[PDB]
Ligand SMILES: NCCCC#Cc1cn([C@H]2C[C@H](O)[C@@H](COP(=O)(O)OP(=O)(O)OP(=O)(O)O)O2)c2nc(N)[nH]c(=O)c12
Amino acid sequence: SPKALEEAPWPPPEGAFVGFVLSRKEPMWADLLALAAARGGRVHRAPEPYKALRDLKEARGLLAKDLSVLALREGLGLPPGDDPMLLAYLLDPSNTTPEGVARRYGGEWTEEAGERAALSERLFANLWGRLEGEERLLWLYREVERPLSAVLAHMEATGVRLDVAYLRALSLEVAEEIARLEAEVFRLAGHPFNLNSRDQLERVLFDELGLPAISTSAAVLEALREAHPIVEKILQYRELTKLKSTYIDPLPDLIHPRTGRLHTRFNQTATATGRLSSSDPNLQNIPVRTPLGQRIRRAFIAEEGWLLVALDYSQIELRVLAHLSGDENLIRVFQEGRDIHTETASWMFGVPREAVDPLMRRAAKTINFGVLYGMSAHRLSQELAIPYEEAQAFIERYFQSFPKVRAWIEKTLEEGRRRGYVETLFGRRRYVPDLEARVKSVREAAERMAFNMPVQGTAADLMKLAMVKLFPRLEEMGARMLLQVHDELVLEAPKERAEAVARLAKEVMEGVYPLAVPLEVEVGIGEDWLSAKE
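Okay, now the structure: that chain only, the form deposited without this ligand.
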C-alpha cells in the first residue's frame, strides 16, 4: 500500500492506525523517534512525535500496548485498541513476533513508522476477515484479549518498588557463600583452579581426580553427581553464580530515574499456551519456595504507606482437570474441601479410609504432579524411590481411582488427530500437526502439548479473565495491579483499605467463571512480596 497521492497533514482522523519506531529498546526507557498514522489510503506523519501523541484518541495497530506504556510515562491516558498481533495469536498461537506475522499474512515489517502504520491497517482488515466467522475466537478478543492490553499497559507503566539497601546487602551474603563453596571445591580437588574455565575443570575432573569420562562428555556434571562430592559443590557454585548474576546484581540497575520503580515487560503473545510472560527481569524463573528465590522476593516492596496484596489460585490445574474430565471422584475431592494429596493416596492404596499413612501421600503428590504433563514410569521411579514394577502399577492405580481423567486424555488425543488442534475451555486453540508424526521423539512431544494445552491454557484464560474484570473495580478504590507470575497476582493498595481490597480481589477471582469445582484463592497482605505469602 498506498498508491496515488497519499501523504497527509498530521493529525489523522479518528480510527486511524498508528505506526511508531522507538530507539531499539523497551518502552519505559525508549524515545519516540517517529510516529505516523494510516487511514483510507493516506498516511499522516508526525512533525514531532511527543506533541503528536496528544491528538490520538487511542493507539490501534501493531503493538498498541507498547505505545500506551510510553504515553503513560509522559502522563497521557492513551488506551490501546485493535492490535492485529492479538488477532493473529488467536488464529494460531505460534504467531509470536510481528516479523513472523508480516511473513505469514503478507507483509514486510520494517523500521519506518508510516510503513508500520500501513501494515497495521492492512493486517487488521485481513485478520479480522479471517475471524468474524469464529464465535469462540471473537469472544476471546472482545472480552479477554483487548481489555487485557489495557491492564498490561497500566501494570507495566506503574512498576513495583525495590529495596536496594537489601539487594546490595544480599549480594555480599551470596558472594560469601560462593566463597565458602569455592573453598570446598578447592580442598576437595587438591589445589586451586579457575572453576569458570573449561580446560582446568576438564583436567581436574578427567585427569587429576580421575573421574570417569574422556563439561566434555555429554554435559558430564549433570550426569556424574555420584563419584566425588565435588560435582555436587560445582553445580551449587554454578547455580548461585547464575542467580547472583541475573536477579540480584542487575536489579538495582533497572530501577527507573523518573519513577523509582522496576518496569517488568509483560507480553501476552509469547507463550505456547496463552500464558503471560515477563522479560527484564523474567520473573518466572525466580526459584519459588527455595531460600534463595525467597530472598529475591523480599526485594519487591510496597510504597511507603501502601501494602502489597498477593493472591494465588490454589490447585488451578487439577481443579480445571477435574472439570474438563467430568470425573466424579476428582470433582468431589474439591467440592467437599478435601486434601487431594491425601484422598488420592486413600483411593490408590485402598488403605481403610484415611489412616496411618504418611509415605503414601508423598507418592500421591508425585503421581498427582506427574500426570499433569506425563511423568513416565522410570522418571516416576527415580523421583519417587521405587522400581519399574510398582511404577507401572501406580499409574494404573491412579486411573482406576480417577478413570475419566484417562477418558479425557484418550478423548483429546483422538479429537486432536482428527481436528488437527486442541482447545481450552473457552475456545483458544493450538494446532498439533505432529500428533501423527511417525518419528517417536516428536510424536511424544505433540502428545505432551495436546494434553497440556487444555489444562495450562484454561488456567491462563481464567487468570486473564479475572484481571480484566478486577482492573475497573480496583481503579475506584485507588489500588493498583502490579505483578502477574505463575498463578499469582500481586496488587498494591493503601494501608487504610488493604483489608477490603483483599476481600474484593479474592471474591472476583473465585467467581470469574462458573466451574464444577470451587476455585480457591489464597490471599496475603504484607509490606514486601515474601511477607504477603500466606
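Residue numbers count along the first chain shown, from 1. In this text, rigid core is short for the largest set of C-alphas that superpose within 1.5 Å between two forms. First, how it differs from the form solved in complex with this ligand.
Of the residues 220, 463, 148, 157, exactly one exceeds or equals a 2 Å C-alpha shift between these two forms once the rigid core is aligned, and that residue is 220.
The rigid-core alignment places the CA of residue 194 2 Å or more apart between these two forms. With a cut-off of 2 Å and the rigid core superposed, residue 421 has a Cα displacement that falls short of the cut-off between these two forms. Relative to the superposed core, residue 92 undergoes a Cα shift smaller than 2 Å between these two forms.
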Given for the second form:
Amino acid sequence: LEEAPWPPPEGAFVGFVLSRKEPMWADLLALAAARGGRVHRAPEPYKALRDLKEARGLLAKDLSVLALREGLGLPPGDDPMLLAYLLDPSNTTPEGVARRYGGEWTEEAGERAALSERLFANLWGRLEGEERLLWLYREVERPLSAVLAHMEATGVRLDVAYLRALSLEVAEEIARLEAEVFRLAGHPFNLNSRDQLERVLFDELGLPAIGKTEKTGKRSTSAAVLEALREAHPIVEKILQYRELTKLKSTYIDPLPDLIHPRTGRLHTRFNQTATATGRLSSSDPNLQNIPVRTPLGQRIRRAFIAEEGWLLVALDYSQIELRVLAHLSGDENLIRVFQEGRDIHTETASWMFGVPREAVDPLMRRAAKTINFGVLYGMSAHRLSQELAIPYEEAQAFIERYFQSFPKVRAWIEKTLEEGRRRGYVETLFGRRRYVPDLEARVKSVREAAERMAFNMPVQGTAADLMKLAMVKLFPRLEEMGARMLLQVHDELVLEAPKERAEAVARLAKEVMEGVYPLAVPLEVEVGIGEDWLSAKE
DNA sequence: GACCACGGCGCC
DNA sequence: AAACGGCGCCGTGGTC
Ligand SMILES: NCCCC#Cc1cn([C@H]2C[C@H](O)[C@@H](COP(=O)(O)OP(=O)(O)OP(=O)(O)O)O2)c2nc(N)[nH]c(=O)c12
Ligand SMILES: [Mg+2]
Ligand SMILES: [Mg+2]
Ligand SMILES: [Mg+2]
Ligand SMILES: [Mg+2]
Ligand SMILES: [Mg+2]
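To complete the pair, please output the form solved in complex with this ligand; the form deposited without this ligand was given just before.
Complete assembly follows, chain above in first position.
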C-alpha cells in the first residue's frame, strides 16, 4: 500500500498494537488505518484516536474499550472476526482467520490495518446469499460489540478489604485441614500435587482406585472419585474440604483484589464474542462468569461484588431457558403445555430427587436438579446419574425412560437434527447460527456419539444465546436513557447497576424487554432481584 | 520469565 | 470416573 500522512479518510480500517491483550490494561503502542490503497500511520497513537469516527477492523472492540477508558466515545464497527465467526465458529483467532481468509496476522499496526481491509472485503463476499447469517451480523453481533465495549470499560465494584480479611481466615482453616491430612497420611507432602496424592491414597493407604484420568491414565483423585470414597477413610473428607477452600482462595479470594483498576477503582473483564462453538459469550482476564455461588464460602465470595454507593445491582435471569427453547424447537405438545401451566421442571425433579414435597425444595436442591434435567437431556448414562443420585442403577434407568417418554417429540427433534447435521455437515440455531460437526459421520462410535451430543445441544444452547444477545442489544439504549449501567452477562443472566431511585423501574423495564425480545411457542419468563450485592440480588 | 499439557473444578 | 453440553483459571510437572 501507498504510505500516506495521518489522518485517514472516513470508513478506513484500523490496525493497532497493544502492550498486552487486555484493552483496559494495555498501552497503545501503535495505530494505523487503511483505505483506498493507502496506509496511514499515526506518529502519536493516543491523540490519533480522536481523529477516528469508529473502530473498524480486526478486534474492533478492544480498541473501542481502550478509547472509552481514555474518555473517548469511539464505538466499534465492522470486524472481520465477527463475519468469520458467523461463517464458522471455529474461527476464533485473528491468526487463524487471517490465514484462512487472505493474509497474515503480524505485529505491525500498518499491516494489521491492511489485513483488516482485505479480510472484510473477502469475508463480506462470502456472506453473499447467507441472509440469515447476514441478519445475525447486522442485527445482533455488530451492535452487540458496542454494548460489550461499554460493559468492559465500565467494570464492577468489589469489596477489596472484605476479601483480604476473608483470605486470612480461609488460610487458617486450610492450615487445619492440610495438617490433618498429613497426620492421617503419616507424613507431609505436596497436597496441591495430585500425583503425590494419588500415591498416598492408592499405594500407601491402599484405598481402591475408582477411575483413570483421560490423557495419561493415572488413577484419578477427582471429587467424584473422592465422593465414592467418603466412607472408606477419614482422610478423604478432609481432602474434599481442602480442595474446596484452596480452589476458592487461589482462584478468587487472592487474585481478584489485585486486579482492581487504578483509575476506575473497579474490576474489568473481557467479553469474548468469538470464543465458543455455540454462540455463547465467554469472559476472561478475569473470568466473571464463574464467580462462586454454590457453597457457603462461595456465596461469601459472591457477596464481594457490590453496587456503587447510592446505586443498586439488578440481576435478571431467564427461567429454565434451555427447556423452554427445547419446547419451541421440538414443538412437543407435552413440554409446551408444561410451561403454559407455569410449572417448574427443576423444582419437580428436585422434589423427586430428595423425596420431598415441592414446597420443601430449597435453592440448593433445585440447583442439583439442573444437573439431572439437562444431563439426561443431553445424553447422560444410566451409570452416571445412579452415582450422582446415589441410587441403584435400575432406578436411574427408569428415570431416563420416563423423562423422554413424557416428552415424545423431543427425541424426534434430536434424530431430525442429527440426520440434517450429517447431510449438511452442520447444525443450526433458530436464527441460523451454524456449528460444523464433521464427526457426525465418524466410523468410531465413541467419537461419533460424542459429536452427536455436541451437535443436538448446540441449537438449544445457541438459540438461548442468540436470544440473550438480542435482548442485550435492545435493552442497552433503554438503560442509557435511564442512566443505568449494564455490567455483566452470565449466559442467560444480566447484571445491571442502577441509581437507587430508579432501581425498581429499571428492573421492571429490563424484565419486560427480556421477556418480549422474541416470542416463542412458550412464554419467556425472567426472574429479577435487586440488592446491594450480587448474592442479595439473586435472592 | 514464558509456554505447555494435564488434572481438576469454578460457573452457566 | 461413569455416553450431559458450553467455557476459563488454578497449581503441578515440565520444557525452553
Ligand atoms: N450443573 C450444576 C448445576 C447448575 C447448572 C447448570 C447448567 C445450566 N445449563 C444451561 C441450561 C440453562 O437453561 C442455562 C442457564 O442456566 P441456569 O439459569 O442456571 O438454569 P435455568 O435457567 O434452566 O434455571 P433457572 O434460571 O430457571 O433457575 O444454562 C446447563 N447445561 C448443561 N448441559 N448442563 C448443566 O449442568 C447446566
Ligand atoms: Mg454498598
Ligand atoms: Mg436462567
Ligand atoms: Mg442463569
Ligand atoms: Mg483442559
Ligand atoms: Mg499432572
